[PDB]
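Number of protein chains: 4
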Amino acid sequence: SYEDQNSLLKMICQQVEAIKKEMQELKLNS
Amino acid sequence: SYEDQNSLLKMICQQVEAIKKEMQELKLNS
Amino acid sequence: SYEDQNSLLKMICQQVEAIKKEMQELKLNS
Amino acid sequence: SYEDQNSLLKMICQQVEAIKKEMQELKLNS
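Residue numbers (the authors' numbering), protein chains in the order written: chain A, 803 to 832; chain D, 803 to 832; chain C, 803 to 832; chain B, 803 to 832.
If you're looking for bench data, these hints aren't it; they were derived computationally from the structure.
Take the hints with a grain of salt, since some may be wrong.
[To be verified] Calculated cross-link-like contacts (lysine-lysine; reagent style DSS-like; alpha-carbon spacing at most 30 Å):
1) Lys822(D) <-> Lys822(B)
2) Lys812(A) <-> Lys823(D)
3) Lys829(B) <-> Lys812(B)
4) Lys822(A) <-> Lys812(A)
5) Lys812(C) <-> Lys823(C)
6) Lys829(B) <-> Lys823(C)
7) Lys822(D) <-> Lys812(D)
8) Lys812(C) <-> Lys812(B)
9) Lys829(D) <-> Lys823(C)
10) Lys812(C) <-> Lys829(C)
11) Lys823(B) <-> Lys822(A)
12) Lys812(B) <-> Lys822(B)
13) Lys829(C) <-> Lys829(A)
14) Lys812(D) <-> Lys829(D)
15) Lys829(A) <-> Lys822(C)
16) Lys812(B) <-> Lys823(B)
17) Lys823(D) <-> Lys823(C)
18) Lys829(D) <-> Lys829(A)
19) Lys812(C) <-> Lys823(A)
20) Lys823(D) <-> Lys812(B)
21) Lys823(C) <-> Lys822(A)
22) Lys829(D) <-> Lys823(B)
23) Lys823(D) <-> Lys812(D)
24) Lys812(C) <-> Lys822(C)
25) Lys829(B) <-> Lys823(D)
26) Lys812(D) <-> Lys822(B)
27) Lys829(C) <-> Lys829(B)
28) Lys812(A) <-> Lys823(A)
29) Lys812(C) <-> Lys823(D)
30) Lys823(D) <-> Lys829(C)
31) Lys812(B) <-> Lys823(C)
32) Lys823(A) <-> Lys829(B)
33) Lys829(D) <-> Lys822(C)
34) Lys829(A) <-> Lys812(A)
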């Protein structure tokens with residue numbers, strides 16, 4: 803259903819954004 | 803510190819595995 | 803179209819697996 | 803080490819950004 807899958811997709815998108823910022827932190831500090 | 807880097811990379815890898823599993827649950831039309 | 807989106811999801815899943823393997827390679831060489 | 807892997811760090815960061823953009827392009831129930 804749209805709602806439940808939209809909540810899943812929105813979560814995945816923000817988890818990817820968190821990984822982006824975490825990887826940037828890791829690289830900058832390396 | 804190296805421990806800070808390790809813990810950060812550990813979480814990144816956990817989060818990537820979580821996204822990998824979540825994307826197998828996503829139904830584009832439902 | 804559904805086919806456009808299914809293609810996109812398949813590409814994303816392949817890309818996620820690649821980053822998983824590369825993050826592991828990074829750790830193995832750390 | 804974490805100090806001799808800039809090229810791989812850069813690759814991972816590029817690939818995470820590419821996934822981010824693709825995730826933002828996904829459409830449900832289209």
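Each hint, compared with the structure:
| no. | hint | in the structure |
| --- | --- | --- |
| 1 | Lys822(D) <-> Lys822(B) | holds (14 Å) |
| 2 | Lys812(A) <-> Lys823(D) | holds (15 Å) |
| 3 | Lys829(B) <-> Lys812(B) | holds (29 Å) |
| 4 | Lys822(A) <-> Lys812(A) | holds (15 Å) |
| 5 | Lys812(C) <-> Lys823(C) | holds (17 Å) |
| 6 | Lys829(B) <-> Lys823(C) | holds (27 Å) |
| 7 | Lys822(D) <-> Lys812(D) | holds (15 Å) |
| 8 | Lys812(C) <-> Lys812(B) | holds (24 Å) |
| 9 | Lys829(D) <-> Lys823(C) | holds (25 Å) |
| 10 | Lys812(C) <-> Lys829(C) | holds (26 Å) |
| 11 | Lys823(B) <-> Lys822(A) | holds (11 Å) |
| 12 | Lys812(B) <-> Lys822(B) | holds (15 Å) |
| 13 | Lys829(C) <-> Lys829(A) | holds (13 Å) |
| 14 | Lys812(D) <-> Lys829(D) | holds (29 Å) |
| 15 | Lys829(A) <-> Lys822(C) | holds (16 Å) |
| 16 | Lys812(B) <-> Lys823(B) | holds (17 Å) |
| 17 | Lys823(D) <-> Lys823(C) | holds (15 Å) |
| 18 | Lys829(D) <-> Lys829(A) | violated (34 Å) |
| 19 | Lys812(C) <-> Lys823(A) | holds (24 Å) |
| 20 | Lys823(D) <-> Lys812(B) | holds (25 Å) |
| 21 | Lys823(C) <-> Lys822(A) | holds (16 Å) |
| 22 | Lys829(D) <-> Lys823(B) | holds (19 Å) |
| 23 | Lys823(D) <-> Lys812(D) | holds (17 Å) |
| 24 | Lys812(C) <-> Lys822(C) | holds (16 Å) |
| 25 | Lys829(B) <-> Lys823(D) | holds (19 Å) |
| 26 | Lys812(D) <-> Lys822(B) | holds (20 Å) |
| 27 | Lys829(C) <-> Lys829(B) | violated (34 Å) |
| 28 | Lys812(A) <-> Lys823(A) | holds (17 Å) |
| 29 | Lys812(C) <-> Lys823(D) | holds (13 Å) |
| 30 | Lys823(D) <-> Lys829(C) | holds (21 Å) |
| 31 | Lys812(B) <-> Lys823(C) | holds (15 Å) |
| 32 | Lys823(A) <-> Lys829(B) | holds (24 Å) |
| 33 | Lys829(D) <-> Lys822(C) | holds (22 Å) |
| 34 | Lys829(A) <-> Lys812(A) | holds (26 Å) |
Checked against the numbered hints above, the structure breaks hints 18 and 27 and satisfies the rest.
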